[PDB]
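Quick one: structure below, then a few questions.
The other protein chains are all here in position, but one chain of the complex has been omitted.
Chains: A, B and C, in written order; residue numbering restarts at 1 for each.
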């Protein structure tokens, strides 16, 4: 990444305070609600007819935890997101057929979730470092598309 | 910059045929015409009120040639665009205050100009190679923004 | 909004396309597949090889809709209603992809109508494709 040690520490430190379970379910859910077209990939999850039906859907919550899970592990390889996500990049392209643009929407949604949760703690500078991280992650995941 | 050996050959073979004075003037003129907001940087250029006033403006023509000259040189250093473009990057940021998105607008316009000029020769795969290049250049020009 | 001048420009350029619209729609697709691979995620079911009939078939369909929007330049929201619903409700193509195809259609036209692809026409065609894209994405949320 083009993260400053200081930027690295900011990211790392906030993340330590994160409940992946709750943040993961919430990020994915907000995604399906704010950008309804992303539901195209989760038909099999059930009723996503309402914010309420989405937010409460257990399959959604659980997929969210799997996603933030992998994201979490990527924060341990911030100097090689590319190599960390290569297998997952090919999977997303060749098996799942997920448009790379979705990686970008999720990123922004993630930042809104973190701000929501940490309030005061999620300062402009901390946000700036997280924007750099979501961008990098999004780039790594779309890296093997062909 | 994922330029495969064959993509680089293709970029280079066609650039061989380009009259940079000409293409430069055409590319810049079309930018100012298709995206008129971009005229914001050229109020000292005189009359930009109509398409003819823009395309024929000796000042636009001269600037276009300059811009495409710098671009051409970039094409000789595909290996190191960031290095090649660092002083220009700082200048556009710090002195000129040119939003980085302009570099992507120009790139697309340039691709339309190349197609206009080469017709059938500007094949799907040649375009794909040039798409990588203008993005590479756009990235390099924005690398020093802060 | 399209100006009278814009309208004239569009009918004129599209006018010249004529019978090749189908073929130009196919090439625009191929161009898009090659330059922006992420767009391919929407066609998992297609044979995307060069000269694929599926692509040929699809390009004709896209070209027909554009021809229909030119035919109804003063009532695009209504002439494209059905296609707007399809995209919003079934296909659910992310909006950024409209800009990508638009771009490849402009390249395609530029490569085929050198004499007509003037600065003024280029500007009008870009505004037009932007308008079609806006309509097609209007009922997304």
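In this text, contacts are C-beta pairs under 8 Å (C-beta built on N, C-alpha and C of every residue); 3 or more make two chains touch, one makes a residue touch a chain.
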- Absent-chain contact - pick from B:15, B:35 or B:45: B:35
- Task: Could you list which residues of subunit B touch the chain missing from the display?
- Result: 35-40, 93, 97-102, 105, 142, 145-146
- Message: I need the residue numbers on subunit A that touch the omitted chain, in ascending order.
- Response: 29-30, 33-34, 51, 54-55, 108, 111-113, 115-120, 122, 124-125, 127-128, 131
- Message: List every residue of subunit C that touches the chain not included in the displayed model.
- Response: 1, 123, 127, 138, 141
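Following the convention adopted for this analysis, only the chains that are shown with their structure count from here on.
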- Message: Between subunit B and subunit C, what distance separates the C-alpha centroids? Give it in angstrom.
- Response: 25
- Roughly how far is subunit A from subunit B, going centre to centre by Cα mean, in whole Å? 34
- Query: What are the residues of subunit C that contact at least two other chains?
  - Reply: none
- Within subunit B, the set of residues that touch 2 or more other chains is none
